[PDB]
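Take a look at this one chain, the form deposited in one PDB entry, written out in structure tokens.
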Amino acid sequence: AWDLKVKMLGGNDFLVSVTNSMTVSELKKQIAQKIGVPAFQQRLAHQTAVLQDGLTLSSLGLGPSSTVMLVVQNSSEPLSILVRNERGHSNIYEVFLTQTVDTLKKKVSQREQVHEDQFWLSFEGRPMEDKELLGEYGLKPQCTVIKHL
């Protein structure tokens, strides 16, 4: 393991312990532990190129000498998820990970003609709480959220 310099735009610089085979996705998690920015609010760039979460640091030509930029996003960007209901059908919903679980239940509510208090949502077996942000449950593009009656 070796250390990498991270510079936050309009922010502080700092280092993180990293590996060559480590992914940008894991790096963001290291950054979150260091400065508390949730991974889903982090956009990383190296030399004006925005980094894809699946890329490995070595594949990107990173070493102890490199420096990566961090841009923190107050409001995040849209992604699609699947919400599979009691009937077993999955429909596409659009969310921002910085939105609350609540905004999603309201979308489900309006669209599927049900009251918010008549169902609840889970992701990977974990129940989703109305006031928490969707990102905190590790939602990713086309992941499946389950709707329970």
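Superpose the two forms; the largest set of C-alphas matching within 1.5 Å is the rigid core. Positions refer to the first chain, counted from 1. Compared with the form deposited in another entry:
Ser65 shows a C-alpha shift of 2 Å or greater between the two forms [criterion: core-superposed Cα displacement of 2 Å].
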Given for the second form:
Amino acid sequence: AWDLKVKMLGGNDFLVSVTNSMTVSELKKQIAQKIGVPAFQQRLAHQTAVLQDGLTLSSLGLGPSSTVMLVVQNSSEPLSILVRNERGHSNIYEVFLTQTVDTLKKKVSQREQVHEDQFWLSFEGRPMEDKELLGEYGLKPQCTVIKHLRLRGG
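Got the form deposited in one PDB entry; could you also share the form deposited in another entry?
Excluded here are partners and other molecules; the one chain stands alone.
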């Protein structure tokens, strides 16, 4: 276990205790736990090259002398997800994790021409809240969000 120098662009410099066999993804969880920046918002780079979550540190040849740049993304990168409807069909939606759940509901609402109050979204069993950021739900490329109806009888 050795200390990694992480520098936040525009902000402060930090040390994080890491090991060679630590993933970039675990590094982001350590940073999130240390300074409260959600992992989905962290862009890490070494020698100006963005680090990929599944990669091991040593694999990026990082060491005690290495310096990693942290950029906290105010607007993050596009990704695609699947929204599956109550009829069991899925469609592709493009979102950004720094957007609110409400923006995805409006897109669903506009595409299917349904009032936002006739439905709600869940991710892996967790109801999604309008005002929360999509990123707080752990959405990943091509994951599936489920759309639930609150339709009227009568």
